[PDB]
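Construct all of the structure, not just a fragment, from the sequences and the given hints.
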Amino acid sequence: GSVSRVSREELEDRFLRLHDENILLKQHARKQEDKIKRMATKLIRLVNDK
Amino acid sequence: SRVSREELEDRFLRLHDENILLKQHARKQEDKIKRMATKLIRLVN
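One line per chain: the protein sequences are B and A, in this order. In terms of the deposited numbering, the first sequence opens at residue -1 and continues consecutively. In terms of the deposited numbering, the second sequence opens at residue 2 and continues consecutively.
Don't take every hint at face value.
Here are the simulated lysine-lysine pairs, DSS-like style, with alpha carbons at most 30 Å apart [what the hints assert, rightly or not]:
#1 A:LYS35 / A:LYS24
#2 A:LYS24 / B:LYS29
#3 B:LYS35 / B:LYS48
#4 B:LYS29 / A:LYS33
#5 B:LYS35 / A:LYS24
Derived from the structure by calculation, the hints contain no laboratory data.
Okay, structure coming up:
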């Protein structure tokens, strides 16, 4: 176990940074999903001439 | 208040495994979006 050799201070640091990275990943995925749908919706509106 | 060593190791790993799965999902979704956009470009030309 590579984690079993890490000192406590570095494991704590890594956990803190890993949590913040996970939050940013989910927020970016959420924002990406929302923009993709609007562009696809607007693509559909574009081809449906009105 | 303190976090035990086993608990800290436990949470880190589950954060790590979840982080891995999040990145793989973004990667694959990213690949599919490009090659549908890409042939949309091919479609138009």
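Evaluated hints:
1. A:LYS35 / A:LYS24: holds (17 Å)
2. A:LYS24 / B:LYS29: At roughly 15 Å apart (the allowed maximum being 30 Å), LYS29 of chain B and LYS24 of chain A satisfy the hint.
3. B:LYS35 / B:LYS48: holds (20 Å)
4. B:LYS29 / A:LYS33: holds (17 Å)
5. B:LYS35 / A:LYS24: Measuring from Cα to Cα gives roughly 20 Å; hence the hint holds.
The structure agrees with every numbered hint stated previously.
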